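2 protein chains.
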Amino acid sequence: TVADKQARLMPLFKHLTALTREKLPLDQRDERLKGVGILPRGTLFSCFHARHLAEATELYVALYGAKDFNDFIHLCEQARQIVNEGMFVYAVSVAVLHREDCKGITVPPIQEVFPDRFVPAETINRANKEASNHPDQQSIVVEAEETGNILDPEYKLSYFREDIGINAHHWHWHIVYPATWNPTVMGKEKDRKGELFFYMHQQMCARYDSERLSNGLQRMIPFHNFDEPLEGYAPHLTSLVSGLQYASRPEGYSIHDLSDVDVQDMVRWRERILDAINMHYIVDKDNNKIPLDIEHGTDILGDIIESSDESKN
Amino acid sequence: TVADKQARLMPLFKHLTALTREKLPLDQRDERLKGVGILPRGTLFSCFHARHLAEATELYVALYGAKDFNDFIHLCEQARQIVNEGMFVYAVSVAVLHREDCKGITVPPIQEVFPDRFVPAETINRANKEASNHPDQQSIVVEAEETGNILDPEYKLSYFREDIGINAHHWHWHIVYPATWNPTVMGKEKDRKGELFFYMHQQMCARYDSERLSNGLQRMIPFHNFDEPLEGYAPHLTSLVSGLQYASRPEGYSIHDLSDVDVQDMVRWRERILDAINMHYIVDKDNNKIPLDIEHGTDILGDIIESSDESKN
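Residue numbers (PDB author numbering), protein chains in the order written: chain L, 1 to 313; chain I, 1 to 313.
Accuracy of the hints is not assured; some may be wrong.
Said to hold, decoys possible - The calculated DSSO-like cross-link candidates involving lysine-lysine, where the alpha carbons are at most 27 Å apart (straight line), are: (1) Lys289(I) with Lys289(L); (2) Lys312(L) with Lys289(L); (3) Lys190(I) with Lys285(L); (4) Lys34(I) with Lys67(I); (5) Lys289(I) with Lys312(L).
Hints were generated in silico from the structure; no laboratory data involved.
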């Protein structure tokens, strides 16, 4: 039944961190699996980076490809052993969302699956400590609120920024509209995904601005210049997988090139986009021009800007 | 014979400087050079600069144009007296290489023609000094190796960088494939010169990198950012022809516009080139687009990048 199906899915989601240790004599048998497994388990998975996204896409496809739900569970069970866990959650969630066979099925809570992302280093540590401190069946309760000196006014916004629901939503939205989404492979297409990308993010900003004003703060200003130094932020999140945590960002240094990408790469792309707007057309790979139609324009721009697989160039 | 022809060309080039003193009472006399007559003798000749290259090209053409070898010697003889010497060596070498009257005419070895470029000033003026110090037929021998505190690890690479053979090769290669080369005028074309330009330089870098690693040094990093200050280098080379020497450069100052060109323009040219590579086509003067074909692409790029006369734009 559906209920049974739900039960099977929940365990795909359990003890992801632990699920590592491949226990696989050979991947060769898993021909389907050959494509994935580049990213190491412990490593952090990036939703944004292209290479990471590529692996993720490869994983989803296998899941989509799965002939039946049972087959789906099997490959998933096996894949989860090798692949980086973050990528795994990402690929599986996408599969659950789209794949018909999964006409059954919620995904386990993101907050619940990775509590460490939702709550601070202290209350993670506390609940772990209490667990060890006195063994007992008894329940442990920890109040995350803390006691601290409130130095930055940005702190006021924390109710909005830190909110569990907001973070969860953002995770889910990207799952429904993956950047990697290839309509040919799935066959189905996500209507107006580029435009939606634009709208959803715009709303988040708009909503954010309302908070600042409620706060008595001015509206947020854009990252209009790349040269400017960034404000620092320390998340105080320790990623349970690892002993490592998300690195905090101290105050103020201009932007640094990464091996993967340059800054004048970045800037150039921005001018291209802003130019093509002005010209009212964008150039496809074919070197044909497509007009930024009133109907189509936002969608086309969304794909290019994000950018999705859908980007015309 | 051809070897007797050698014996004349070599003393044509022998001691360039003192064969100047134009010694033709009226400037108009050489209408043959009324188009040029811009860069004086003593001045340093730039292989890279466009204006210098233009003069050089003009010279070669005259040499190519020479009806016969005897005519070739004549114009060369007389032209050498008036033109800058560096340009002269450049133009003549190109002529010798291509012009059918010249097979089996090697050029005077570059190192031998301009010993000052190959060896340090100290062994130039020591040797000159010994010549004056005691007049005697006896031979003079000077060991260039020196003795000095070797503060910079870059010094280790000197065996590679300073090598006489390497420098000579680089000189010769540019002669075989001149940037100025105009296929219409010569009639013949240099096959895949643009690609060769790319390959030869790439190899020099690759070979260089192997030296650094042999040294235990990391691979060289590209000068991507125009803003960054350069490392200094002092050549310790003198130009006997005059008092002058190649100016040394210390490190630590960002890049300066020249009257001839501004750095900003350089950046432009790069973004221009990158775009073309990206959209897979380049724009010709005609404003037609030529594709960066798999076969053709490197060659077309080479001409544009260097850039040669061949550049499409």
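Hints, one by one, checked against the model:
{"no.": "1", "hint": "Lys289(I) with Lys289(L)", "verdict": "holds (14 Å)"}
{"no.": "2", "hint": "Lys312(L) with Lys289(L)", "verdict": "holds (10 Å)"}
{"no.": "3", "hint": "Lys190(I) with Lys285(L)", "verdict": "violated (32 Å)"}
{"no.": "4", "hint": "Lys34(I) with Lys67(I)", "verdict": "holds (20 Å)"}
{"no.": "5", "hint": "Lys289(I) with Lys312(L)", "verdict": "holds (19 Å)"}
In this structure, the one hint that does not hold is number 3.
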